[PDB]
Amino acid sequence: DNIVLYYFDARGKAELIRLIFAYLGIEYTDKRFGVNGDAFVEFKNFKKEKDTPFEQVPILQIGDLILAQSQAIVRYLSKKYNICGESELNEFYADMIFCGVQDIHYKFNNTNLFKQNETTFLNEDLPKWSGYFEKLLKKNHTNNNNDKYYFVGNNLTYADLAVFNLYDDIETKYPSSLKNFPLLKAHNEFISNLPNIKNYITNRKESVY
């Protein structure tokens, strides 16, 4: 019943978990390797002290329970705290959308810092994937038109937070990315303004990734 999240000092694959905790107002210890200096030694000492299944982070520890694999952690958390949808179909859709997010998020990460194929990403990959998500929001649109935007049903799911996080990452590095996608831009403003998320984000230190 004591909750601790371990990861490096970065958003990366731990950020959606932090967002979920913030949304749900669950208190926990956000352990970031390297805050005490020397990320290498901490992570090394961490693998000695804790029984990780694949020697990787994020690791979420609940009391004595070691949980690994960010995706599995996200899905487990979401079922326990009721943001995994209201039906079996919607649970699937939230899941499907989260997997879609992983596809572009991966590409975004591979291009933003190194500028690797930045032009191809910004001209082909990004608008195509943003178009996919725009169309999903649209298919779910008259599930609350009153400035509430959800990808799945009439309630918030981890998919909303996952898409938020993704486009939160993208519009900062690439301002006005959302301008051609009105539903997606609105969705990003909506969830970003939810008080718990609004407070987490303003309190959130800047980071390289």
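Numbering follows the first chain given and starts at 1. Only residues modelled in both forms are compared. Definition used throughout: the rigid core is the maximal C-alpha set that superposes within 1.5 Å between two forms. What changes on going to the form deposited in another entry:
Following superposition on the rigid core between these two forms, the residue from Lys115, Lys80, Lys135, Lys128 with a C-alpha displacement of 2 angstroms or more is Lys115, and no other. Taking a Cα shift of 2 Å or more after superposition on the rigid core as the cut-off, the stretches of three or more consecutive residues that move between these two forms are 112 to 117, 171 to 173.
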Given for the second form:
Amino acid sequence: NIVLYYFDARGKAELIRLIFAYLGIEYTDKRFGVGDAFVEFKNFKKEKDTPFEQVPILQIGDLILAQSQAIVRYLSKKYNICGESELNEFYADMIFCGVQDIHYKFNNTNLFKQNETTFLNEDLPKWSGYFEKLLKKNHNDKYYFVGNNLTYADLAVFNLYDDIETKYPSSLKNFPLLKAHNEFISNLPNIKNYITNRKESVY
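Now the other one: the form deposited in another entry, given that the block above is the form deposited in one PDB entry.
A lone chain is what you will see next.
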């Protein structure tokens, strides 16, 4: 039995949820605070043998899995969406690591208030440019960052801009390949239904 534990938010769990949706995998989506999230989280840590007292936690039977990035890589490798060669697996990894750099900057701004000006004027346009150039290098209909098949890097980049656009909607106007890519991912047979019918608000 597969259980995902996180707060009632998208945040560090949403890419995992997107991956489960894409892969057609059955799981329980357990969210703290759907009463008191604070008390529930305290109870959770005492009940479960957590390595770092953080969520997301993925529990597969009696297996406890922690660290969102490790979980992402574990699933993508298991279900063949990590790239279809050793180098492509690297490139997928490199792109996901890049997503993490800019996502961290967005999180600090969106969540923990650090003024948005720097992010919006300096970080976001510059990083959008990096991703645009990476897509151009590999560029249907279909838009992949790595090879000629969907990788978790595609889902990661999709999730990044989906998260950013919840707070800042007009972020992709100047980046046509990136816009197209994110449109492509959102309309994938297994993604479309999940994204449109998941409860709003995360972070």
